[PDB]
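Remarks on the structure that follows.
A protein chain is absent from this complex, but the other protein chains hold their places.
For clarity, chains are labelled A and B in written order, and residue numbers in each chain start from 1.
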Amino acid sequence: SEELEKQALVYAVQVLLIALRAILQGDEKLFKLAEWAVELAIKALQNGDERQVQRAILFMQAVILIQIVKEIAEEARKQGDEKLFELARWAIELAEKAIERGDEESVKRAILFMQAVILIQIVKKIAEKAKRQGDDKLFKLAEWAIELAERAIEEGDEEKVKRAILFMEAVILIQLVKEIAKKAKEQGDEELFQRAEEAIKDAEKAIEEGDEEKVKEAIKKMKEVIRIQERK
Amino acid sequence: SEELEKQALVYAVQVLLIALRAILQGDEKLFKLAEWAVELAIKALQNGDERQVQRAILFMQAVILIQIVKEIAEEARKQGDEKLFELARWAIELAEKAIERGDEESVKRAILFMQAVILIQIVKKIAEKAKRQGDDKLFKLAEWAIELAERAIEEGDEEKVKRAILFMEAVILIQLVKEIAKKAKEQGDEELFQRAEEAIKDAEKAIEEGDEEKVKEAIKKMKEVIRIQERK
Partner (left out) sequence: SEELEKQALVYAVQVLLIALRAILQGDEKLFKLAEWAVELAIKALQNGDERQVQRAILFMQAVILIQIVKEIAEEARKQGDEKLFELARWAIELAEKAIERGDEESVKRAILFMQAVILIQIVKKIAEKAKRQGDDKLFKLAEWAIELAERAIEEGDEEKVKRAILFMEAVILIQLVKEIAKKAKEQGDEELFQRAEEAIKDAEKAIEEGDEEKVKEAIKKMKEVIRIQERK
């Protein structure tokens, strides 16, 4: 499909902006990695080859993710999160190594680690906003999810980081569905408030059992409540 | 459509060259604006939305226009046109702010100002082309179009400035309709020398008439003289 090559071109220009940032921040590793990924994308494009674009898109994704987690690591070092700094710094070095190595599935591994680190940055902000609002039950959930995802990165288990991304994702969506339930009380619309309340509890209780399976069901039923707010 | 996304990619690569020129011509404000517009374009493409890609194309147009008017402002600064320098500088700063603000309606305003300034640079050159050539009288008309577009910014009238672009555009059209008009000795440009003269005379009086109903018609009928030359 003429769609895989369009992202190969779009991600190439996207990584090119990162290469300009590497030109103006003094970094040579980031510039060379960015050039490497964009060059691989071009070499994939020039033959009308489909598997080479999947590989080069994975490399461009890893370069963009390195750029994101590098600034997130700087943000964590600035804001006094020395542990999140080391976890991001670790995932950054592992991604850089995997790209220098050329191991396609190890980049997939490192890309997953960077996704969890970014999700930890998000759940931390949601947890701190939840404590700002005085909630100690979503706070317990969000804190239990970050403290379970970081422990998983401390071990480097690829299938335990995937499990922790599941919980973190549901905790992020509980925020949305809880705001929607709060606003579904203002119009008088109870067909949106019941649906949101059912998705909140069935996701919170899913994390209460901590079952890898019941969070997936909660995610789809949470999706069928966010879907309704996305209609209007 | 697909043609809109290829235009977004072409303008993206086009603005990136401008960002490359910013490193070697000394401007860093231009680099940030270029990075901003290209980032919005890339992420606009990555979601396939029709208004936001049109929006990012409008912003990339504004960044390119800033680059053009910046070279025009320096050229006016060099050639002792401090008045054209300040109007270009004003349209440049308003464009930068309109993008910095994110107000699309302010970007359209500033983009309109930048094109009008660019048209002022051109209509001045047709007057200078008259200095290169002999004298066809007129000349005050081109000056009347240049100095009325300049006055147009002093009021910022919404039902104006486009009118001044209209006059400047027709004065720019004097260039084409007369270049072909020169070729008419014994062969007499296919004998349709009258049609160029009919477009010349009925436009000369039209710009003096200050009309906005039929001067557009005169502009299109000058193009129907260019149309036949566009075949050969």
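Quick note on the criterion: a contact is a pair of C-beta atoms (placed from the backbone, for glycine too) under 8 Å apart; a residue touches a chain by one contact, two chains touch by 3 or more.
In the complete complex, the residue from B:7, B:54, B:106 or B:229 that touches the missing chain is B:7. Checked against the full complex, the candidates A:45, A:112, A:122 or A:172 give a single residue touching the omitted chain, namely A:45. Contact between chain B and the unshown chain involves residues 2, 6-7, 9-10, 13-14, 16-17, 20-21, 23-24.
The chain not displayed touches chain A at residues 2, 5, 9, 12-13, 16, 19-20, 23, 31, 35, 38-39, 42, 45-46.
Everything that follows uses one rule, which is that only the chains that are shown with their structure count from here on.
For the pair chain A and chain B, the distance between mean C-alpha positions equals 45 Å.
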